[PDB]
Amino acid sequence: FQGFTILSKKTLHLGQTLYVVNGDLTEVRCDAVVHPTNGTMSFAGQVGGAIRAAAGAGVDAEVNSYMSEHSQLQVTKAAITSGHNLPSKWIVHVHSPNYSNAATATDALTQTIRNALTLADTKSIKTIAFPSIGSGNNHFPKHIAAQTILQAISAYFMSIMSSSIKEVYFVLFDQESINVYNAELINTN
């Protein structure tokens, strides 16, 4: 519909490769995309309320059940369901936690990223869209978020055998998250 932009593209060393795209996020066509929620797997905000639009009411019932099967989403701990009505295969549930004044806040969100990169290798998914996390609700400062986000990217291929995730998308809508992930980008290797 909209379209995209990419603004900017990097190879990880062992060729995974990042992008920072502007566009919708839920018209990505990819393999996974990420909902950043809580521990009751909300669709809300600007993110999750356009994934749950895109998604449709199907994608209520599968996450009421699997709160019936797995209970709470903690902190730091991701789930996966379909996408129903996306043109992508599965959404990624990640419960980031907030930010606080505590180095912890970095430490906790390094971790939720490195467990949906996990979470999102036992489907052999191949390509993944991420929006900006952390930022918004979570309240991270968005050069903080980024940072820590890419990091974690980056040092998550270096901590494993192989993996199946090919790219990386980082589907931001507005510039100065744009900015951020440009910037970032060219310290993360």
Second form
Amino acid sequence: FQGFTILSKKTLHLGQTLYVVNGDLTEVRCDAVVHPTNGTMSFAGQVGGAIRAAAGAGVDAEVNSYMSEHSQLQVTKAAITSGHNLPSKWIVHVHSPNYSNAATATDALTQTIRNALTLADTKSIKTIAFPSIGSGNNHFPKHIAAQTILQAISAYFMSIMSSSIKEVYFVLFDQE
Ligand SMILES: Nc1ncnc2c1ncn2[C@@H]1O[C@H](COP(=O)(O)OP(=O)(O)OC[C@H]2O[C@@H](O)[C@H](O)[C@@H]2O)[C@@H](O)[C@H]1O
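Now show me the form deposited with adenosine-5-diphosphoribose bound; what you just gave was the form deposited without adenosine-5-diphosphoribose.
Everything in the complex follows now, all chains and molecules, and the chain you saw is the first one.
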């Protein structure tokens, strides 16, 4: 349906709808998609390559301007650029944590999700789509990533009084 298998739906604390779906993040037409990247904001990751192909060269200039001013996106932190030719309006870039330390990696992933949602909310983003951050090149076990991200999303809306965000999509991905 519209590029995706729709697996489940849940209502969150402030009336958000959380969908778990399976498909290609870059085919989501919403306000923002979330790009798991590193401190240089490259598109070298698995998702990142697909985002860069769908967005086109325009996205490069915005990333370059940001990196020219800031030099680094710190781990777990987020930054936003236009999505250019992507179906989605914005890209929320997050410096994805590595699964170097199972004992602290889930805390870092939780914080990454919360930082992405926080930043999206300041931009009045209404719909946002997350891939399984960390579980590709950064080696999170898939089930630990899913559980941690889904719990982080629910907890974010438990922790605030108001939000512009109305739907969150968690996008699972099978293979190329
Ligand atoms: N088009 C896609 N849509 C949705 N999910 C996808 C897609 N393509 C791959 N995935 C899945 O997204 C998840 C994250 O994979 P990565 O893109 O490799 O992200 P991550 O594990 O967070 O590593 C970040 C990567 O970016 C680099 O700059 C950094 O050094 C690291 O290599 C994986 O489960 C992967 O199967």
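Think of the rigid core as the biggest set of C-alphas that the two forms share within 1.5 Å after superposition. Positions refer to the first chain, counted from 1.
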Checklist entry - Which is the one residue in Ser100, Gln111, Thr118, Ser82 whose C-alpha moves 2 Å or more between these two forms, relative to the superposed rigid core? => result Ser100
